[PDB]
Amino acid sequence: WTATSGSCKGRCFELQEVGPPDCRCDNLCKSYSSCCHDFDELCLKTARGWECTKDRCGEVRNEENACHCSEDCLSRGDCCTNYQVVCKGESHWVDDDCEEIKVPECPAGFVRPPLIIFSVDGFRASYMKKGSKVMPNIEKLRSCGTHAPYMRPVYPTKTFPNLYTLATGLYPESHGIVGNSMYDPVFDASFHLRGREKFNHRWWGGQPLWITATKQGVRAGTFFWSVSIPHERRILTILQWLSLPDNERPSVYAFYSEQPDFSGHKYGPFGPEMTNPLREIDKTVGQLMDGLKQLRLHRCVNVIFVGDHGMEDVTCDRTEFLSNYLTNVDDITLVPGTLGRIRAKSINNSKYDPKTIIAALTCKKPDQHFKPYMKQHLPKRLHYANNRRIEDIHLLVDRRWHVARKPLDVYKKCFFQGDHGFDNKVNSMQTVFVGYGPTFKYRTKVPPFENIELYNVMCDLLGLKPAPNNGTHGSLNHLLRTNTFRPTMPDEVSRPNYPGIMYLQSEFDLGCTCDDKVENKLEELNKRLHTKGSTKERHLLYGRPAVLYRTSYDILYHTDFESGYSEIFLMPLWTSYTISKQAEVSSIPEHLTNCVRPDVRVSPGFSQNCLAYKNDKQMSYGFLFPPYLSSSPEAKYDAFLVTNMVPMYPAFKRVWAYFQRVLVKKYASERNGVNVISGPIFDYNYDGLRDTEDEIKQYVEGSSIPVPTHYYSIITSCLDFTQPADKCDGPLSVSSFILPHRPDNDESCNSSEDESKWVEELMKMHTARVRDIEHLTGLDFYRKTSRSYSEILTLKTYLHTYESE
């Protein structure tokens, strides 16, 4: 109940919201049916429209007008945005040359430059180039300020998950808004676009920018707008708020445009009907900037022009129907469209089998346009698993397609020609970023980056300390003229042991064997120098990674590789090796096929054993440094140490062997040498964070050898590829992956063929950022380079996407 009889006189778009049933005059009141009786009359005036004309100049203030052209309007803060242009001979902001903004140029009483976030729904990254002729204001912002060629949304590339990610720096799995519709079983409730449930605070986790600002005494203009307030009135309201007295004026403002997404759904991303909404968004930007220039704030405000996701071509006839695959299609609930999520219709049904449902959706048709996954098997780069609102069964849908349960669902809900929500590496889902103002750089292009990073930068822009979030703070310092945050490297928590030879061979009873008893007085000095770390500067290019948790581990040196060997997990946490452009691939000699050798530096009690692998009929083993890339027949013996061994499903060994035998060498020839760091990952609770020993759900049978859920590799080289990886003088270039350690290759529909037809496609799908691997391992990489730390942070957030241009 709202007793809606009070008045909005003097309170139009009030900043503090009053407590019901007293009537509301704030920008959200429409959406609660709670506006005072006279809200439209007082607060939503439209008389005479939005522009001054010659004859309105110096008019007598008439309060009924939507905006004013009278002499007192600058003082009252409520001129039409074009007042000076029409009535004072001024120029439009877009017609002025840009001039570098070296310092903020603000009226007296401004303590900090205001931030305005101008967010545009569905604004695909290629609109910047493709609609440039019709967006002159936006093109001025872009070329004069700081811009990226595109910005990567988060998955799913839907509206609410992306807007709330912008506001929080959090992955949808952490902020809670995991889709445009959700079911939460602990609440027992659904969240929809239609209706009232979406308004309850229980959905919205994390700490959004406006709340961060408020708690630290920076005042915030309201971010949500009600859908029926027109664009011109939002702009005017922001400009009015900017005229408030110093003690009442907010420092941060948000504007939201429903376009071009709205049209894009109807006409597709490049439909001819799309030119007009681009013109209109450009015009609104023009109104804002003319408004700022009137208030003399155009060289004082930081403006962020940012999209939530792009838009792809999608029509009704590109729909795959689950009824074409399943038989009990009625025992399921599907959240449909550009992604799929499946759960049971009824929780009082114990005859519902996730495994049978998945098997029934796997490689069923040769051209199939989706792929089922248990959520914990989705590519780790999507970070889409650690929330009760995310269903166990997920369908990743091919770009340009839809999934639906039955045909009746598609025609008893072609309407649409555009949609979004797909994998966030897809080109058509990419969106825009421009920053313009005193705190951003002048005419600067920056590399593409992820939208999870902006919350930190907005906090920097406002002098706020960010709530804990998924950005890497410092990784966008190169966007800013000043206000940079000065990050420091995390302190190493555990320091390694450096064991020497401490055990005789016969102390070991591991059930391992090797054909290695064959025999020089000169090269006995050498082998010894190699075990002391004489080649270490060649294989460890960027310092050893730092272990950021408490544990027991040993540094092991070898001719061809260095490793950090964990006495707790009985395997390396990391293995580092450099492969130059010239390096040769050889094979495993026949007498050495099943060879595993005790490491006399590490006690039997902290070693794996061959017996366990013999007894475990499911589990086999592989090596982190590959024997194929040994530098000499003698150095090959090092690769067969029991301390280089890791557990591997036979099915996974097909993937790994091909990576080690064929791909490392291909990359080394292409990149002029690579440094490679590889290792296991344990993430049994799928939270994207390293597991502690007591979280491991799986061991090699009858042993304490823990089974990795994933294997990673980081492959680094010189960005200037005329320089070899081991002698690089400037910026680095990196690509990485986190391969799921699975007992089958069901994920790859062509896995019956040669590894050369499917393995690399799989690895590309599981591309990762170094930062993703740091979270999953508790390691910190690149500790000793000649690069600045901000630069290394950018490199650690890079993702190699494998899309075209």
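What we label the rigid core is the largest C-alpha set whose atoms superpose within 1.5 Å from one form to the other. Numbering follows the first chain given and starts at 1. Compared with the form deposited in another entry:
- Taking the core as reference between the two forms, the lone member of 349, 216, 190, 200 whose Cα moves by 2 Å or more is 349.
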Second form
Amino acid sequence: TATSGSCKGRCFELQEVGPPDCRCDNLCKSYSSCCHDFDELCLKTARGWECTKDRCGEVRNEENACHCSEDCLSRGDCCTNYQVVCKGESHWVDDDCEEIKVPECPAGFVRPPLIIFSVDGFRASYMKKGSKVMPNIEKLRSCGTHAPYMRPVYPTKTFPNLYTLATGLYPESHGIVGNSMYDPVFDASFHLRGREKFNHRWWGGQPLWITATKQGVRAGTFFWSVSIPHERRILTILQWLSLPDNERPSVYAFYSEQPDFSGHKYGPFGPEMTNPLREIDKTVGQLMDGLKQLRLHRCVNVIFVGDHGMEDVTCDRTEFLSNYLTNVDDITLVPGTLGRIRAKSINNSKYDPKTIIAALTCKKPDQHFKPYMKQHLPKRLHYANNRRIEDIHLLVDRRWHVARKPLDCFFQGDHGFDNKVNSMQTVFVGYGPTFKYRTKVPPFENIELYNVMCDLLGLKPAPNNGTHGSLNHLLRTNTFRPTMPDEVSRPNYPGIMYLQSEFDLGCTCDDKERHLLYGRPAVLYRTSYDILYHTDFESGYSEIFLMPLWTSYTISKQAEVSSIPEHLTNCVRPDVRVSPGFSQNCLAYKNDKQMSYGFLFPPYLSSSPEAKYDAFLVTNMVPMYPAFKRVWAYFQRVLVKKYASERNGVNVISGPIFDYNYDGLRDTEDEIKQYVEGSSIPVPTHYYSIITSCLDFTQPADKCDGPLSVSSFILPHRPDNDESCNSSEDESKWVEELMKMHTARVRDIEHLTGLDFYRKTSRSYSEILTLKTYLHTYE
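Having looked at the form deposited in one PDB entry, could you now put up the form deposited in another entry?
Only one chain is given; partner chains and other molecules are left out.
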């Protein structure tokens, strides 16, 4: 509420309160207000950002952007090359890499500071496509810890990903579900430009800077008004690092608009990309040079991280909704590399998403987007449980845009696509005493980083979507020790408790260690279920849901596929181990015109004709739409054998998922919205499978003594195959493409089932946590 105090040295100061008296911050330009004689004493430019010999020993001239005077080291406002030019020191990039075993911090530093150097639109492959031009970045990468790439969250846009980095949450949970959003409860829109985004109401979860503050760790200001030149951002961090140790922050963030901006103008692989990459490396070098002359280069942990990649996208490759819909003026479209559609609602509830989606489904052979109800999007995207996400979503093909009409090249790159697309992958490098030395780590998802940044600062993370401990292998020391959750429900192991004569199911037939390689899955909620053993498979059968929670079986490389004898096609047999009242019945299915059934262990993989009869037990049967059985039957008859054949055997765990409220979490019985007609048999929203083998494929899956290899999926249990535009073709032409789109992490299935897998292995639990967060992308 005041525009004219004199920020007594408060330039870029980390201590503020409300109004009046203007604030002294690098965000003042964004609020169009600081003690604006806190301004141009603070934003100088004179004489550039590098000392020259003739400047060495100058008397401090307050007009210079940085200083080469004898009092500058005190304040940290020397040019970062000051000691190299004036004191005979070398550039940090010219020094050999020396392992940092303990933090070497100067007087007054209680903990190693963390600096996050974030770069917008830094595609992972840039780490090579311009490698000879990034000496500082490549040193950090080769001498610290790096992954080949880090996976962003969907949508692969800046604000959803920066806030995921900050909170460890999926966008649906932290609230920043796009760069642009409409919230029906606020009845307001959020935009990259403008002031609406500054209202705290938009931002959920608990970001790193608030986590630190709440726990007594001071945070620098992570955000920079775009007018502040990148060199000044570095010099300000360095000046803050020079504050006394009761004002000095322990965690800092630098941000650069590059290489995103040049990626947009020229595309990710234009020759024009080299200059921005050179400039970014120069800035990294200024930072490392600045840390060295403050004797902090072996004390600070540095993270170099991007928010997303960049793809080739041109105005020529635009789909227009007006080519599909006759009434595009009754709808609002969030356009581009993704689509979100809602009604314009001034005179319109003829708006029905069901018709719009049907009108956007496989209408042109080479159609470059696919419509979805948000709950039918691949579950790995975790993009549905937020009122800011429109019911209608368009997943846009990489390299394409979607727009409303041809009225909506200047740009050649864009991003925002499906986060498993390789062009969207970005970078992670960690460098410092707490990160490992010269260590490469597998790719990981950016939702994991908040836990690590917390660990790096001694903070307890707020609850988030990372898996705490899955990244412990990045860290030399003070990791957090994860422990496996305790099993909640104990199984029963029923024997023969009833005889075939007590069953009134309406079912007929023509019937008159090996399979649990990683230990029994633990059930982490309260329920009643039975362990059922068979020659070919083992299952945990829920007496609540009348169907297995999981079915586990091992299929050797040499396994033979057999068909279902004609006399057995309709066969369903009572299971004398399970009460008829906790059993499904076959009349429910004959009475449900829309529902058929399938089996979790496939009769096609039975080991003998004797054992095949086991596969037809009522305890192995699950409700399946006929459309979905086309998918499931192909998977069980064809794909499982294929996977066994390619991977030297596989262990498979399959089962149902119920997520009618699309929150990514296992439904309670109350939340289940669909049952087989006139029955208590719930209808799954999805069916999962987890396919495990030995990473050393020279060992059979049942004889593995090292790291495991997993691929998993969560297939939508849908009554049609409209998602698959080629489903009228033979299944060999579309089912595997469907499954690859719905690939999943084991962790995703854990949340959706309440089960805990891999509880009995020869691996460390941290190593297992890495396995559970793996995603097989097929990219």
